[PDB]
Each structure stands twice: as structure tokens, then as C-alpha cells.
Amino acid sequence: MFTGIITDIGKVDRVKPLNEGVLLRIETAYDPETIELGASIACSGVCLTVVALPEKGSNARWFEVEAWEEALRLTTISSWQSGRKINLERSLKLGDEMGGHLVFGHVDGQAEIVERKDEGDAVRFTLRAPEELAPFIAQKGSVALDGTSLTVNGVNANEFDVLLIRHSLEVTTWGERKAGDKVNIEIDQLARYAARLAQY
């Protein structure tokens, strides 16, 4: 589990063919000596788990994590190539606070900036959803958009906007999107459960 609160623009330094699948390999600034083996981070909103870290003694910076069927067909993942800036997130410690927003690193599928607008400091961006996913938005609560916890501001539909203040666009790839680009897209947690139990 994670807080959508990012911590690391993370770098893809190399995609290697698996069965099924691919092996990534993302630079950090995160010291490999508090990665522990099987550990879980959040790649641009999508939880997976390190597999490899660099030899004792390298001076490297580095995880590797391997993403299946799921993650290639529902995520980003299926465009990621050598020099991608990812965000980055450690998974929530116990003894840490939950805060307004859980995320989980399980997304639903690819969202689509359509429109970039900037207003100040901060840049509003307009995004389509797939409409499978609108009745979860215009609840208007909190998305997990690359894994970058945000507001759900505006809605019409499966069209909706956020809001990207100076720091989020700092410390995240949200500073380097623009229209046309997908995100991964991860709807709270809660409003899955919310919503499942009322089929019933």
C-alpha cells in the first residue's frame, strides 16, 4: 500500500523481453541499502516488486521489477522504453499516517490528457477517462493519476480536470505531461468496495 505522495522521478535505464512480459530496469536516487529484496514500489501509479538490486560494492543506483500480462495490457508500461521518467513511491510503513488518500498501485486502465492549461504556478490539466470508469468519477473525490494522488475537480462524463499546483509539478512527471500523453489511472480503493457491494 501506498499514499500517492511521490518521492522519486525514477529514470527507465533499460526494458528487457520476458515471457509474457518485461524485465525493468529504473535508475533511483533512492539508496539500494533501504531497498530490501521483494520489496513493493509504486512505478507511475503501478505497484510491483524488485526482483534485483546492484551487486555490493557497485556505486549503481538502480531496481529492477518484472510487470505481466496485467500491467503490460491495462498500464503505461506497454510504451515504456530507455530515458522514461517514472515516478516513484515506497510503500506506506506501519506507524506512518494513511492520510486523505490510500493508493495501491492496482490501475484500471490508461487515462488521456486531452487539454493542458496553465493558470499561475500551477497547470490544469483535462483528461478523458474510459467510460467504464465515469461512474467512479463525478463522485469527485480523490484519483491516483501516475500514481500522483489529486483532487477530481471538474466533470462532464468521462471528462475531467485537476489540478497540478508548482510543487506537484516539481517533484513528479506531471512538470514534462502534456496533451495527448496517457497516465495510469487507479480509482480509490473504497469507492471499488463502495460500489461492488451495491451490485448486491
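Numbering follows the first chain given and starts at 1. So that the term is clear: the rigid core is the largest set of C-alpha atoms that superpose within 1.5 Å between two forms. Compared with the form deposited in another entry:
The residue that stands out in 156, 58, 49, 151 is 58, the single one whose Cα moves by 2 angstroms or more between the two forms on a rigid core fit. Once both forms are overlaid on the rigid core, the distance between the two CA positions of residue 99 between the two forms is 2 angstroms or more.
Taking 2 Å as the criterion, residue 138 counts as shifted between the two forms: its C-alpha moves by at least this amount when the rigid core is aligned.
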Contents of the next structure:
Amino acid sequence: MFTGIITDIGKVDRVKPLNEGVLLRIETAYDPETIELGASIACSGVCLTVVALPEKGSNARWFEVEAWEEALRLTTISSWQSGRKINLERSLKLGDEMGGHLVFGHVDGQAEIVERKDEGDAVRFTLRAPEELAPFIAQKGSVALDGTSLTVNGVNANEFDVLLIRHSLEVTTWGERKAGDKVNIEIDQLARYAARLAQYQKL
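So that was the form deposited in one PDB entry. Now I'd like the form deposited in another entry, please.
Left out here are the partners and the other molecules; the chain alone remains.
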């Protein structure tokens, strides 16, 4: 489980294609001693498993994950090249504060940024979700974009607004995010329980 609070910005060192997927090495600020093989780290909102870590005793700070078929088709990862900075988040450990909402790291699809507007030291992004995701995005509800849990500030059909506070613009990749950029989108899982109940009551 995650919460959508980014704790580090990582850089992609290597991109190596494999069967069904790709292999990624990500330079990080995390201490690799605190990471075990087969742990989950959300990379730009995508739950990925650690497969390789630095030789123990080493000081180098990176980890390796594999992306697969479902990941490459749905997510932004297929466009990821060396030098790309991404949002990172470690899994919630028992007792950790759940700052945003319940983010699972399972990306539904991709949303395009159509407008970027400055709001002083804050920035307001406007995005188009794919039609199939629109019903699950509500005003003053939650969403997970690039692994960042955000408040939906206004919605018109499949288009919606988010405001990115100054702190987040500093500690996340959203500072370099510009109009025309495609981000990973994870709708609030709490919405699927609203759909389920309604669909169950229609039978």
C-alpha cells in the first residue's frame, strides 16, 4: 500500500529491454540497506518490484525494477529513457502516517495535461482523463497522478483541475511538468466501492 506522498525524486540510469518488459535502474536518496529484494516501490505511481540492489557494503544508492506487458501498455514507462526523473514512494509500514489517500500503485491509464497556469508560487494543472475513467473522478475527491495524491478542484466531463502546492512543486517532478505531458493516473479505489454498490442495487 501507498498514500501518494512522494518521499524522493529518482533518476533513471539504465533502460534495458527484456521479454514482455524492460529493466530500470533508478538512482535514489533511499538507503539500500532498508530495501530488501522483492519489495514494492511506487515509481511515478506504478507499483514495481525490486529485483536487484547494490552489492552489500557498497555506498552507491540505486535500485532495479522490472516493468512488464500490462505496465508498458497502460503506463508512461514505455517512454522512459535514461536521465528521466521520477516520483518515488516506499510501501507503508505498520504505523506510518497515511498522509493522502489509499494509493495502491496500480495505474488505470494515462491523462494528458492540456493547461498549466501559475497561481503565484503554486501551479494549477488541467487534465483530460480517458472517458472510461471520468465517472470515478469527483469534485473535492482524491486522485493519484504520477504517484502524487491530489485533491480534485473542479471537473467538467472528462476534464479536471488539480492545484499543486509550492512544497510539492519543489519535492516532486511536477515542477518540470508542462502542457502536453502525459501522466500516470490512478483513480481513488474508494470510488469503485461506490460503483459496486450502485451496480449491485441495479439487480
